[PDB]
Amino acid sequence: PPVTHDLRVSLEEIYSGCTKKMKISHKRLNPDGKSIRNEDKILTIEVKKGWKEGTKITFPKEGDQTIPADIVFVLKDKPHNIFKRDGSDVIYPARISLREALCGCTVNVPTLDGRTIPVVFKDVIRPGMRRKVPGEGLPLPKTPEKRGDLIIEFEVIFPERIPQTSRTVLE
C-alpha cells in the first residue's frame, strides 16, 4: 500500500539540477508492540538536470509500521512566471504591439542563466508566429551535454480603439 507525494521543482532547478531534501513524518512501533512513535525523517533527493517532470522517485518502506508503504515522489514543474516548459524546450511568450509587429522591433529574450539576448525582426510578424532560439532550452537528460531550444512565441496586442480619423489613414 504505497504513498504518493508531489515534488515541486522550479524551472531553474531543472535547468542546473538540484538537491531537494523533503521532511516527512512516519510511525514507529517502538519497544512495546503497542505504542507508536511520531519521529520524522529528512529524505534527500537528487534531481538530475532536465528531468522530464513526472519521473518517479521511490523510498523503500519509509511509510508507517505495519508492511510500511513505499513513499514515492512525483516530479512536478512549478509553473514559471516567464517561461512555459515544453520537454527540453522552454517557450517564451513575447507580448508585442501591433505597431511593433508591423514596423519591425527588437526582442530581448531572457536566458535561464540570467542574461538577455537581442533578436531583431524586420519582416511583418504574424500573431502566433514563433522564432526558435537554438540551445537556449533545458539540457537533455540522455545527453545533459546538449540543451533544448528556447521558443519565442509572439502575441500581438492590438489597440483598444481606433479614432474616427485613424480609420481613413489605415488605407
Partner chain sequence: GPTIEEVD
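Here the rigid core means the biggest group of C-alpha atoms that line up within 1.5 Å when the two forms are laid on top of each other. Residue numbers count along the first chain shown, from 1. Compared with the form deposited with its partner chain bound:
- Of the residues checked (22, 156, 9, 152), the rigid-core alignment between the two forms shows a Cα shift of at least 2 Å for 22 alone.
- Remark: with the core as the superposition reference, the CA shift of residue 107 between the two forms stays below 2 Å.
- The Cα position of residue 61 differs by 2 Å or more between the two forms after fitting on the rigid core.
- A movement of the C-alpha atom of residue 41 reaching 2 angstroms or beyond is seen between the two forms when the two forms are aligned on their rigid core.
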Contents of the next structure:
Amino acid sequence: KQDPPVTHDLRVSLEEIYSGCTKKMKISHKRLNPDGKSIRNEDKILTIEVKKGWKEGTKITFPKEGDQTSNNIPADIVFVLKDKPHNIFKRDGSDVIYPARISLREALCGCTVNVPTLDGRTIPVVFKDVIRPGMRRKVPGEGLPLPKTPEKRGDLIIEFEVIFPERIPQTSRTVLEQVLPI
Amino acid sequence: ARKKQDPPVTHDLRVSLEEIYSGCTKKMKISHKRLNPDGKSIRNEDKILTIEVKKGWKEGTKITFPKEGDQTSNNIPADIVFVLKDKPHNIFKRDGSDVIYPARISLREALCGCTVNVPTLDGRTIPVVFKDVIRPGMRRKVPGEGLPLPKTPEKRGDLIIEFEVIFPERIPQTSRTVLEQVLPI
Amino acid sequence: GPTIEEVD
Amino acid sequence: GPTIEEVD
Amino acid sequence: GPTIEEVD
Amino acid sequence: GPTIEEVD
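Next up, the form deposited with its partner chain bound. The previous block was the form solved without its partner chain.
Whole complex next, starting from this chain.
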C-alpha cells in the first residue's frame, strides 16, 4: 500500500523553456520521528533540471517523497511541467506561434510583417500572395530546441488575422463585384 | 437476510437535433436475467423501456430505470442509466439551447452584400439581408430560432449565423492593381 | 417511471 | 450483463 | 498533503 | 535525480 501520487504543476515561462533552467522545490512533508513516538515535519530541496525545449506535461517524479502520515509507503511527488502564458507568442510543441494582424488591403495587395524572434530581434517577411484568415507561414528553425536533438530547433509560425472595414463606398462595391475571383 | 446492489449500467441514447427540437419517444428493449418464484431459478426476459425525450434536453441528461439489470438469487439488480447524446447534424451545430448555422460566403458576398436563407429546424426559412461588410467569424443572432429551454419549453434559444468567409486561392497581378486602388487604407 | 437527472 | 437495443 | 514552493 | 517520463 503506497499512497497515490501527489501531483504539482511546475509553471515555466517560454524563455526558460528556450534556455533550459533550474528549479528548486522545497517540500515540507511529514516524517515519522527517529523514535516512532511522533509524526514530525521536515524540509527538503528537490532540484529539477528543466531541459531545453521540454514540453508541457513532462513528468519529473521524486519517488516516496510525500507525507508519512501513515504506516504505509509515502506517495511519489510528480511535478508536471506547465507552460506559462507568453505576452507575444503562443507555444506549440516545439513551435512558437506569432499572431499577426493585417488589413484586408494587406492580405490582397501584399505586406511586410516584422516578426519578433525568440532572441529579441525582428525578421522581415514580405508577402505577395493572398493572405487568408488563419493562414500560417513557417519560418524554419526559429522555434524552440527539440528536447531530444537540442542543437536543432522547431519553427516559428506566423498565424494571420485579417482586419476588415465596416463601411465600403458605392464605387468600391461595384468594382469589387466585377473583379473578385469566385 | 440482506442483499446488495450491483453498480449501474450505462447506455448512450443518441438523439437528433430535430428530435430535441420537438421531443420524441424512444423504446429500448433490454434482455435481462430475472429471478423466478422459487428464488433459485433464472429466466431470460425481455422488457421495453420507454423514454419520453423532453423538448430541449441537453447532452448528459440521465434517465435511470432502477433495478432493471440482471438479477441473481442474491443481489439487488443494477440501475440502467441512459445518457442523452447529440447526433452530429450535417448543417447545424448545437450550443446548449442555441443552434449554430455556419454560413459559407465568398469574399465577394462578404464585401458586396448578400442574403442568407436560414433554415429552421421545423421547416421554415428566414431570409437575412446583409448590406454592410461581413467579417470572418462574424455572428448574427436570429432571435428565438433555437431550441426549447428544457425546464421551460415555451421558451427558446437562438439561431446564430456564423460566417466563414472564403478567400480565392490566387489573385492575378491584373486584379491586384485594380484592387489596390479601391480597397480602403 | 424512470427518474431523470437533468442537465441545466 | 444485460443487453440493450433500440426498437421501432 | 505536503507543502511545496519554489526557492532560490 | 528524478525519473523523467517525457511527452514525445
